[PDB]
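Taking the form solved without N-butyl-benzenesulfonamide, here's one chain by itself in structure tokens.
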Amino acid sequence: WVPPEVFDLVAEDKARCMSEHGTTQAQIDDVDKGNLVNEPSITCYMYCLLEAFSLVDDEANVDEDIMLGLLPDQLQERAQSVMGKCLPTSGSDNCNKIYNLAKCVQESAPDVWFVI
């Protein structure tokens, strides 16, 4: 997890989402080291990618079933647990909703919130 196959299937959406939002790979790496700031270039990137895979709707409500279904078996209990705490999402906008969600997951259970 993330399994290598996923990276090829996400490549085009990753590229578009970074281009749309001004995202750098260094920002993604930061999020993945647990450093998250409320900067739209990274927060809107995370929303963009979740939306590309139908994990969120037009108001950044999470499809928890689809999200669960994407994760490895050994993470799913921990993920369900973190989502019971961290959903529903709230924020000033779709990007900020996902930032708050990312914080909440990082604060509660580190290894769940990985961002491709």
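Residue numbers count along the first chain shown, from 1. So that the term is clear: the rigid core is the largest set of C-alpha atoms that superpose within 1.5 Å between two forms. Compared with the form deposited with N-butyl-benzenesulfonamide bound:
Shift analysis on the rigid core between these two forms singles out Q74 from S81, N38, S54, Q74 (C-alpha displacement of 2 Å or more). Fitting the two forms on the rigid core leaves the C-alpha of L9 displaced by at least 2 angstroms between these two forms.
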Contents of the next structure:
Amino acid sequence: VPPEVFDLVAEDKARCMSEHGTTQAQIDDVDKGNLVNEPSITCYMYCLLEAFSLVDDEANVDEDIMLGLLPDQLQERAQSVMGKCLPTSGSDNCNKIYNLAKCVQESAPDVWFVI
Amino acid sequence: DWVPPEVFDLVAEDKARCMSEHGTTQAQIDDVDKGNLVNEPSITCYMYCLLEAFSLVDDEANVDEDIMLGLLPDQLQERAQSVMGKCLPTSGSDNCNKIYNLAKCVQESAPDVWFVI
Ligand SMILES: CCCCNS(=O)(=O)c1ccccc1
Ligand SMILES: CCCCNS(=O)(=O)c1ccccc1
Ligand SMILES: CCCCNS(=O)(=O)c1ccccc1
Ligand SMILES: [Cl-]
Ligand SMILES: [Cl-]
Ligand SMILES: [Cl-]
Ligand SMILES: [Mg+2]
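Okay, that one was the form solved without N-butyl-benzenesulfonamide. Can I see the form deposited with N-butyl-benzenesulfonamide bound too?
To see the whole picture, the full complex is given below, headed by that same chain.
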């Protein structure tokens, strides 16, 4: 019998949504580049980054792992955005990630990367 | 003021890039997605490329089990820990063959479980 196939990204998103009461409409908003400082979505964003080892349990970004998501041709651009936007800051892990996302959006308004 | 950005799905972009860079056909990707592998670089270096794009392995065939375990779902954690304990570290004739052998080891150990981007 063929194996059951598990879509890792779908699973990780599902788990993070369920942990924070996040709706599909909210995740679809973030996917369009529309950001709001509302914990039900910003805590989802933190959860998902943490699942990918992009941040630790205090929402500090692991720059090597974050740069590691991108192709070689985008490394210099990404390094420049990380120079403007790291280290993270904010009142809690979720607000740290809201502030990061806003900084990344404003620093590179032409493009928006999503998992 | 906000302007709509061009949105890029990392997974979609990574698959398109990796396909191009390794000569992989759509049929071959479809086979990978169903768990059917062959020890041909157009397949195995494509799989390597997708893993590397999420830091699951370096450019020297070293797999990071801690990053991997974080991505797997809760209900597979115990099985995944056991399977990866059995199948790591990698071994093989070259970078891409190491990933072929890893995939085959995981499939032998857990024939009912296959994970995809
Ligand atoms: C860059 C800051 C925005 C993060 N958005 S995200 O949480 O959906 C996410 C995107 C990509 C990988 C993991 C999580
Ligand atoms: C030039 C394109 C902007 C780069 N954005 S980013 O570095 O914040 C980034 C976003 C999501 C994942 C990894 C890095
Ligand atoms: C056992 C080795 C995994 C191979 N599967 S995959 O190439 O689709 C893949 C899964 C997860 C992330 C990236 C690529
Ligand atoms: Cl940081
Ligand atoms: Cl702070
Ligand atoms: Cl895309
Ligand atoms: Mg890399």
